[PDB]
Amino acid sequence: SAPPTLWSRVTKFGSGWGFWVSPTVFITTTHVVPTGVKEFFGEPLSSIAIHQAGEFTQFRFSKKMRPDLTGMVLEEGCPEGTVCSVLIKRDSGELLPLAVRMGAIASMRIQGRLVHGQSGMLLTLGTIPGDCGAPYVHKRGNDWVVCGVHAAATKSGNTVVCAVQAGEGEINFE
């Protein structure tokens, strides 16, 4: 079970959520990012290094925004076959950690677009519209690491997709 400080990194943001990886680094899902604003968390956009790759968005602020936090490992994608936890917060405040077995990084057709991400199968009460941005995490030893942020899910809800940093690894026909 995630400690309270880990949950405290999960942060309401735009139409979804985001995650404080460190005092200065915040990750979220591209499509939830508020548009037509001049600031994020009170900081002018120009003072922020905003990196975006498909559905994966990262902010690095020039000042410490969460100095209470230690830096956490951000993996480029979740270990295939690993059971990760999606740290879902609901608007009510309810915490809903969901266990998901991670699959492959690939592109999924989502509402007309081919979206690069990583799929997983819900093991656990699933994800719902508004959950986008919630972090996918797992433990390595006594530490938690984050590997993706929630983006989408199948109609049944049994399959979820998170945005990741990793690109398209080498696959060959056999």
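Positions refer to the first chain, counted from 1. Note that the rigid core is defined as the largest set of C-alphas that superpose within 1.5 Å between two forms. What changes on going to the form deposited in another entry:
- Among the candidates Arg66, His138, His31, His116, the CA atom that moves 2 angstroms or more between these two forms after core superposition belongs to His116 alone.
- Once the rigid core is used as the reference frame, the Cα position of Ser107 differs between these two forms by 2 Å or more.
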Given for the second form:
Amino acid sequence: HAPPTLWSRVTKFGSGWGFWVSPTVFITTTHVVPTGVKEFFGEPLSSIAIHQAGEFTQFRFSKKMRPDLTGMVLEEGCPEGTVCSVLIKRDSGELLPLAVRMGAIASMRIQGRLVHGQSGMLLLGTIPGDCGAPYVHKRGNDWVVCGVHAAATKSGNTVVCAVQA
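Form deposited in one PDB entry already given; the form deposited in another entry follows:
The text that comes after this line covers the one chain and nothing more.
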């Protein structure tokens, strides 16, 4: 069960969502990020280190944007078979945490764009607008983020998050 603090990290952004990994780091899926912008969260691009590959986008800000938060461990995906929760927020305000059995990390071609992804099977579906939602799992009693939601099969039973390489 994700604590409220962790839910508060999921942030509407562009055509989807992003996730505050720490006071300084914000991750999302590349194709939700709006283009031609010069100011993210009021910070000029000159003051943000932005890395973008395989549909995984990371902003490192120059200042503490969410000082309230602790820093979480970001991982390049999760161990195969691990059960993650996708922390979906809907525009309604409704919170839809989806449990997922994670498969293998693999590069994929999804509607053209190259995706450094990890597939997962849902164990209530994802919809257009949910991308950027974080994939998280617990380890001991720390929470870890391992990717951002990026796509799902036509069935909707299989989902893919992008991961950092």
